[PDB]
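Chain by chain, the residues run as shown.
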Amino acid sequence: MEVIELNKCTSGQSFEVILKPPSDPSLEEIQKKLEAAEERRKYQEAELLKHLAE
Amino acid sequence: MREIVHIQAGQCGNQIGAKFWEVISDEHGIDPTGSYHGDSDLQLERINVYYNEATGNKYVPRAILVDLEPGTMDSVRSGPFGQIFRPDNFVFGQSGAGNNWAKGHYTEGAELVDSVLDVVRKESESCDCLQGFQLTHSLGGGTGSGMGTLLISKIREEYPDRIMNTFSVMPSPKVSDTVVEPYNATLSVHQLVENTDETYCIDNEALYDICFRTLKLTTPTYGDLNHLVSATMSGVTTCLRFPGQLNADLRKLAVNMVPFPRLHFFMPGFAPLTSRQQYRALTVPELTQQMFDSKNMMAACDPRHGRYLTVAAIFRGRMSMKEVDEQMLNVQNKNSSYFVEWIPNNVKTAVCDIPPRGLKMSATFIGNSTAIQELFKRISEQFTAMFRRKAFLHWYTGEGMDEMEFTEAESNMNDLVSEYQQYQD
Amino acid sequence: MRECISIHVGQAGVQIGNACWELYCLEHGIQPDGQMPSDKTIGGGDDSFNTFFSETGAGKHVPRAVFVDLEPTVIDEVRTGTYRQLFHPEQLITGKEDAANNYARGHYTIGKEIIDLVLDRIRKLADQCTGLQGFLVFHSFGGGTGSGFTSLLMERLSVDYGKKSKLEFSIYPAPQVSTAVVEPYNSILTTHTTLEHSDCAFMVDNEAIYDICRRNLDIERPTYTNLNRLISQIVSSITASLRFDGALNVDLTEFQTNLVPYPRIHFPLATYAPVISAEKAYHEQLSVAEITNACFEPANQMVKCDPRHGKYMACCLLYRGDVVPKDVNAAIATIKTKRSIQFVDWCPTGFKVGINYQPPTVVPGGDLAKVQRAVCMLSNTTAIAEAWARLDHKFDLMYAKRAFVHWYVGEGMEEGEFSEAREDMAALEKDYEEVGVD
Amino acid sequence: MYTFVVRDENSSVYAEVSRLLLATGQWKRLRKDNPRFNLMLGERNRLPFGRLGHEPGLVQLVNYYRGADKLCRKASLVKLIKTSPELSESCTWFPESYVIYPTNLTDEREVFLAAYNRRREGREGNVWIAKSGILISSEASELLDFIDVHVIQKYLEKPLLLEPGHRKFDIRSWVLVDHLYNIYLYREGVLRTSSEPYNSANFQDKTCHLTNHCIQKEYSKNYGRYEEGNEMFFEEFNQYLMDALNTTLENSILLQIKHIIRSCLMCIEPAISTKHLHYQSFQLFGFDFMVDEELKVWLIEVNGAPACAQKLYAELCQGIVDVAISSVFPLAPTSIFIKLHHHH
Ligand SMILES: Nc1nc2c(ncn2[C@@H]2O[C@H](COP(=O)(O)OP(=O)(O)OP(=O)(O)O)[C@@H](O)[C@H]2O)c(=O)[nH]1
Ligand SMILES: Nc1ncnc2c1ncn2[C@@H]1O[C@H](COP(=O)(O)OP(=O)(O)CP(=O)(O)O)[C@@H](O)[C@H]1O
Ligand SMILES: Nc1nc2c(ncn2[C@@H]2O[C@H](COP(=O)(O)OP(=O)(O)O)[C@@H](O)[C@H]2O)c(=O)[nH]1
Ligand SMILES: CNS(=O)(=O)c1ccccc1Cl
Ligand SMILES: [Ca+2]
Ligand SMILES: [Ca+2]
Ligand SMILES: [Ca+2]
Ligand SMILES: [Mg+2]
Ligand SMILES: [Mg+2]
Ligand SMILES: [Mg+2]
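Chains as they are written, first to last, in the authors' numbering: chain E, 6 to 28, 44 to 74; chain B, 1 to 42, 45 to 278, 281 to 360, 369 to 437; chain A, 1 to 438; chain F, 1 to 105, 125 to 151, 159 to 174, 179 to 362, 371 to 382.
Only chain E is shown next, with the shape it has when bound in the complex:
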C-alpha cells in the first residue's frame, strides 16, 4: 500500500497507489476503395437501365 508521485495544486491533487507488483491505408488506397464502390453502383444502375430499355 504505497503512494507514489503525489502532485498537489490549487484545484486538487493526483497520485498513484500500487497494491502488488506484476508477475494504415494511404490517401491513394482510400480513394480506390471509394471509387471502387462508386463503380459498382454505376454498373448496377446500368443493368437497371438496360433492363428498362428492354
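Below, a list of computed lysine to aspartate or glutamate pairs in the EDC-like style, where the Cα atoms sit at most 16 Å apart: (1) A:338 / F:86; (2) A:401 / B:437; (3) E:62 / B:159; (4) A:112 / E:49; (5) A:96 / B:130; (6) A:163 / E:44; (7) A:401 / B:345; (8) B:156 / E:65.
Just so you have them, the derived chain A footprint on chain F, three or more residues with Cβ under 8 Å: (9) 44–50; (10) 304–310.
Treat the hints as calculated values from the structure; they're not laboratory data.
For every residue, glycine included, the Cβ atom is placed at its ideal position computed from N, Cα and C.
Starting from the known structure of chain E, fit chains B, A and F with the ligands onto it as the hints suggest.
Frame of chain E; chains B, A and F with the ligands shown alone:
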C-alpha cells in the same frame, strides 16, 4: 425538407386518394379551399411533406390525379375538398381502359403517360429534397393497374434512387367488378415486385368482412370500404406528417422493414374498429389485442398461418408510453412462435400525441408477414382457373399481348410464393 | 498548453455534444453569449480551459468543435438553441438527406461527397492550435452516419493528422431506445474499419443509461434529453483532467499510456456514482468510501457486464468535490478485502487517482441533484467483451440468412466486407479471452 | 404464460423440471436458440452468461452460477481452500490435498513429497490417492509416475464401515440455492455403498475402495446384496446408527454436513451472487462426503451438474419449481428443504 409526390390512378385510385387527402387535410387543419385554421403548431411542423405552399399561405396538396376517363375525376373536382387540388395536376384521357391491363399499360395508357410524367417532373423540380413517390390504385382494374404500373416503371427510370411507395387494392371475387381482375392483378404484381420498395396490400375482401362482421353494416359500398383505407393511409403516414423522436423517412422505414428486396408487401391494420357502445374509452391493452387480431387486418390473410419478418406499430394519442412498451412486449412474449427468431427486436413502436379525428387514441399496424403469400396464392389460383382455358384472353391479345407474357406473369408469381415459403420455416 | 478538437457525428453525436458543451460552459463559467467574466486574459491566453475553447478579440470563448450530420434537422436545433451564439456557421456542417441507418450509405455513397468538406473545416480549426493534441469523436454505432461516416473520417484523420491521438465516445445500440433493426450490422462494420484508427474508446450502452434513469432518477420513460444530460456528466468527468489544472491525464497521450497496454483492447469500462434524483426530498450525502464502493456494482456501469469474471489491465479513479487522498486509500483497502479484483499478471495491481476539488456541476432544472463528492472509475476489464459477444451474436442471426444485406451491396459495398469485418470481431473476442480466462 | 428454453439434452434432473413446467399449463417451451425466454436450462460447458438479461421487459433466470466452477473442479476446489482465508490451508474437514501438473506441462510436487517424507518417517499411514482413471498407492514413485492436471490428497485409511459386510461408502447430499442466495438442503440424502469388504492390504483392486455407482455396477460381484442398487437412504442409515453406535444421523453426521456446505457457499458468495445483476441465478449442487471411524466428516468433491437417486426424482424436482423457479415466476409443506441461514 423531405417531400413526397402523391399519385392516384384510375377509379379506385382516385376515390381512395380522394378521401386520403380529405382525412389528413382535416388532421393538418386545411379546409376545402386550402386555408389553414388549426390550433397547434405541430400541424404545420411537417406540412411540406405532402403540401406545397403557394401564395397567401395557401397549401396545395402535392398530388397528381390520373385516369383514362373523365367520369371519376369530374367527381373529385366537384367533391368536398376537390377545389383544393391543383387544376393542372388533373391528367386524363377519354377512351377509358375498359378494365384491361393491356389498354392501361400498352395502348391507351402508353398514349397519356408522357404527359402525366411531365407533371410529376414539375412537382419534383420544386422539391428541396424529394424523398420518393406514393401511388394509390387498384390492381384488378385497367388504369390504376396497367397504367399505374406503367408510371412506376417510368418514374423509376427517371428517379432510379427514390423510394416508390404504393397503396394497392387487391381484387377479390366477393367484391368484383369483372372476371378479369385476376388477370390484371397477376400482371401488376410482378411490376411491383420489381419497381417498388413498399406495397401496402389492401384486399377488398378484408375491407368487406370488416364492414359486415366487425362493423355491423348490412350491405357495404365502395365508399364505406374507402373510409377504412383513408383511416389506414392516415395512420401509416403519421410517422411522416407529425413530429416525434422517431424521425422516420421513406428510405429509413424501408431499410428497417424490408430484409429482402422482393418481399416488400405489408399487411396493414387499424384499431379501434367499433360499431355504433362507441363512446367507451379504449385502454392501451385493448388497443393492442385488436391491433394484432387478424379481423383488424386488411390483407385477408391469417397471420397465424405464417411468420412475421418485421412489425411496425404507431400509437396516436396522449397515453402512457410506459404502458405502451409494457403491452407491446407482452404480445411478443406471449406469441413469439409467430415471429422469426433470426431477426433481433423485429418489432418497433412509435408514439404520437395527435390522435385521429374523433378518437382519444388509436393504433396502426404494419406487418411484413410471410402469411401474405396466401393472398398471392388466391390470385394465382383464380388466374390459372381461367388461363388454362385461355378464357377472356381475347380482350388482351387484341391489344398486342401474347400468351407467352401471361405465362411469364404466372411463373413470376408462383416464384414469389416459393420465396415466401422458404422463409416461413 | 495543447488543444483538443471535438467532432460530433450523426444525431447521437450532435445531441450528446450539446449536453457536454452545455455542461462545459456551466463548469467554466461561460455564458450562452460566449462571455467568461472569470477569464482575465482577454482574447488570448493558454489556460487549462483553452484546450477546449478559443478566444476572440471581443472576449468570446468558442468551442473547438465540429458538428457533422448528413441531415440538417438535428443540427438546425443547434443553430437556434440556447447556445447558438457559441459556434459559428463553419463549425456546423449538414447534408440534405441522411444515411437511412445504412453504414454503406454513410461510408461510401454519401460520405465520399462530403468528406473533403469536413476535413477542410477541421483543418481550419487545426490551423489555430499551437500544439494540437488530437480529437474526441462522439457518434453512435447504430446510426448510418454515426457508423458509416465516422469510420471514413477516422481513416482520413489518421492520414492528415498522423501523430495525433483520437479518442471515441461511442453509443452502444440498445433496443429500448431505438427503432432501427440493422444496428448490429452498422456497429460491427464501423468497429472493424475503425479499430486500427482509434487509440482509446469509451462505449456507453443506452440500455445502461436507460435503467440508470428509470432506477435512480425515477423517470418512467426517459427521453434523449435525460439520457444525454447524464452521459455528459460522465464525459465531463473524463475530460475534466484536460480542462482543469492537474497532473493526471494531462493530455490525450496519457489516456492510452494509463489505460491501454495492448492496442486492440482500448475499450475501458466506465462507472459513475452517485446519481441522485433532483426531485428527491434530500439524500444523505455519501462518503468517499460509499461512492468508491459503488464503482464495483453492475448497476451504475456504462455497460452491463460482470467485472468479477474478467481481469483488469488498468484502473483510474477520478474524483470531484470534497475528497482527499487520505480517504481514497482507506476506501480502497476495505474493498480489496471484500471484492474479487483479478488483475492480469503482466500488469501492476494498482490504481491511479485524480482528485479535482470542484464538485460536479449540475445543469439547472436538470434531473441530477447537487452532490458534494463524486467519482468516475475507468477500468480496462476483459468483462466488457460480453458486449461484443452480445452484438456479434445478433450479427450472426441476421447474416446467416443474409437478411438486409442487399441494402448495403446496393450502395457499393461488397458482401465480403461483412465476413471480413465479422472475422475481425471474432479475433477481437479471442484476444479478450486470451487475456482473462485461464 | 412464462417461457423457457432447453440447451442440455443430457440433463436428467431438469428433464423432469421441464416436464413439470409444461404440466402446469403456464410454462411454454421455446427453441434452444430463441432469446425471448424467462428461464434457461443452459449447457454444461461454455454457457453464454454474457447474453443473459438484455431483453427489455423480461426477467431472465438461469440454472447455473457463473464462477461456481471454482468449487466443482478438482484443482479449483483445492486452490480455493488453500487460498481463501475463510477456509485456510489448515481447514479441518478437507483432506490434505495438493495440485500436481504432469511433467509434460502452480505445481505442488515438492510440497507433496515434503509432507510425504515427513509421514513416511513417522510410521504413520502414508497411503494417497491420485485423481483428476484413479490410482491408489503408498509409494510416491507410482503416484507421480502415473500422472506422467491431477490432484493428490490423503487417502482416508480408517473409513467407517457398515455391518454386516465390512464395506466402505460415501454420502451424497443435494443442495439448492435460489436467486436470493438462500441455501436449502434436501432433507433426503443417499449413501452409495460398496458391496465388497474393505481390504487395506492391497489397493490394486479398486472395487472395494471406490464407491461410484458405475464401478460397483460393473466390477463388483455383490452389487445389490445388502441394499437395492447400493443406495441406503437417511431412514435406514439413521436406524442403523441408533442400533449399533447409539447415536443419530442428525447429531453424528448431519451437523457437520450442514456446516461444510455453509462454509463453502458463504465463502464465494461475493463472487457469484446475483443480488444486483441484470439477471438472476440458481443452481443445484451435489456434495460428496466421507466418514471415518471417529464419525468425522470429510469433503471429497462438489458436483456442479449432479444427477439424483431414482427414488427421489419427483419430490426434489417439484421442490426446485417451488423455491427456485416459481419463487421468481409465481403461478396461479412442510418444505422438503432445510434452510441454512447465514449472513449475506
Ligand atoms: N444516448 C443517446 N443515443 C442516441 C441519441 N440519438 C440517437 N441515439 C442512438 O443512436 C442510434 C441511431 O443512430 P443515429 O445517431 O440516430 O443515426 P445517425 O448517426 O444520425 O445516422 P443516420 O442513419 O444518417 O440518421 C440509436 O440506437 C439511438 O438510440 C442521443 O441523443 N443520445
Ligand atoms: N482421499 C480419499 N479417501 C478415501 N476415499 C476416497 C478419497 N478420494 C476419493 N475417494 C473415493 O472415491 C470416490 C469419489 O471419487 P471422486 O469423487 O474423486 O471421483 P468422481 O468425482 O468421478 C465420483 P462422483 O463425481 O460421482 O462423486 C468416493 O466413493 C470415495 O470413496
Ligand atoms: N376499396 C375500393 N376498391 C375499389 C373502388 N373502386 C373500384 N375498386 C376495385 O378496383 C378494381 C377495379 O379497378 P378500377 O379502379 O375500377 O379500374 P380503373 O379505374 O380502370 O383503374 C375492382 O376489383 C374493384 O373492386 C373503391 O372505391 N374502393
Ligand atoms: C359483395 N357485395 S357489395 O359489397 O355490394 C359489392 C359488390 C361488388 C363490388 C363492390 C361492392 Cl361494395
Ligand atoms: Ca387513341
Ligand atoms: Ca484567456
Ligand atoms: Ca493511428
Ligand atoms: Mg370501376
Ligand atoms: Mg440521422
Ligand atoms: Mg465428478
